[PDB]
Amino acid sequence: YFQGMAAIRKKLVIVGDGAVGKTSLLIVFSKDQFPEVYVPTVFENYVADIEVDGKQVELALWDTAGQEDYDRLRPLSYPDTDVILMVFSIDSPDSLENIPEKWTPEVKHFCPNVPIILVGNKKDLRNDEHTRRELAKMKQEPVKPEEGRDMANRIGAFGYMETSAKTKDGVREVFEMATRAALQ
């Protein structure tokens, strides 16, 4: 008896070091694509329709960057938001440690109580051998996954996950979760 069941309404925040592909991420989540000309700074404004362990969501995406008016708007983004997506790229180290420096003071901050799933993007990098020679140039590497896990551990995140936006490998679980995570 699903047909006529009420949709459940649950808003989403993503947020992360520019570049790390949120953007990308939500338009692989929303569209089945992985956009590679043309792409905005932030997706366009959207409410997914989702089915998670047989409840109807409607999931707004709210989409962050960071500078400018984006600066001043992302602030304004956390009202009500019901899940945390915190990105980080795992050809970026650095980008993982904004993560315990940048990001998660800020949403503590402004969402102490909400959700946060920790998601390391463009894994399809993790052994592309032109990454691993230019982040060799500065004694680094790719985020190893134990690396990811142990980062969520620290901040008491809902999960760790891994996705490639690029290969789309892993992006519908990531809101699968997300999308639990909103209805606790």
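Residue numbers count along the first chain shown, from 1. Basically, rigid core = biggest C-alpha set you can superpose within 1.5 Å across the two forms. What changes on going to the form deposited in another entry:
- Comparing the two forms between the two forms on the rigid core, the single residue of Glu129, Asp49, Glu146, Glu36 with a CA shift of 2 Å or greater is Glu36.
- Remark: with the core as the superposition reference, the CA shift of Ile155 between the two forms stays below 2 Å.
- Superposed on the core, the two forms barely differ at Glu101: its CA moves less than 2 Å between the two forms.
- Core-superposed comparison between the two forms: the Cα of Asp80 travels less than 2 Å.
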Given for the second form:
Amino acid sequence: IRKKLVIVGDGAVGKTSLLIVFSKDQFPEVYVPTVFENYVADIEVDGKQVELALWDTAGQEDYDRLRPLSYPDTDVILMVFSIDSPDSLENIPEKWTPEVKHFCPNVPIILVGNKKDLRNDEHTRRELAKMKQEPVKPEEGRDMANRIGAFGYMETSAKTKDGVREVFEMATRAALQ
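The form deposited in one PDB entry done, now the form deposited in another entry:
For this one, just the chain is written down, with no partner chains and no other molecules.
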């Protein structure tokens, strides 16, 4: 009935924004604070009411020895990259997956490609082109989810809210089973 969820990924990919959208979607409405550490949110998925305890690693991306103190007893990981940052996707296999598999051995991972609203954004394409890069394609996220053994792959926009509810439903199912 209580499941611990930890959200990880590079700085500025939208970890906190995703927690905010989910927490503002709760009913009855509650004031959503600025930080998420053992933050209790109730969700109903399929039959069951579940308490999700949310932990955000934003602000700790460069504190390699302090960040893993939040990992014990985790039930599901949300591992996030940004579709507007191929660098953040490359850190999925190179940084986040080895870390999560060491500290959370058999814990399900949901791979989340956030900022999907920027895939066709003209400003984003122009800025990425300066570095000889382009937005992440959906096939690339799906392939990465298979490579790292993720339970599932989902694309979201915290800005438009599309896909956010579905990410948390999938994470709850994975935590339950």
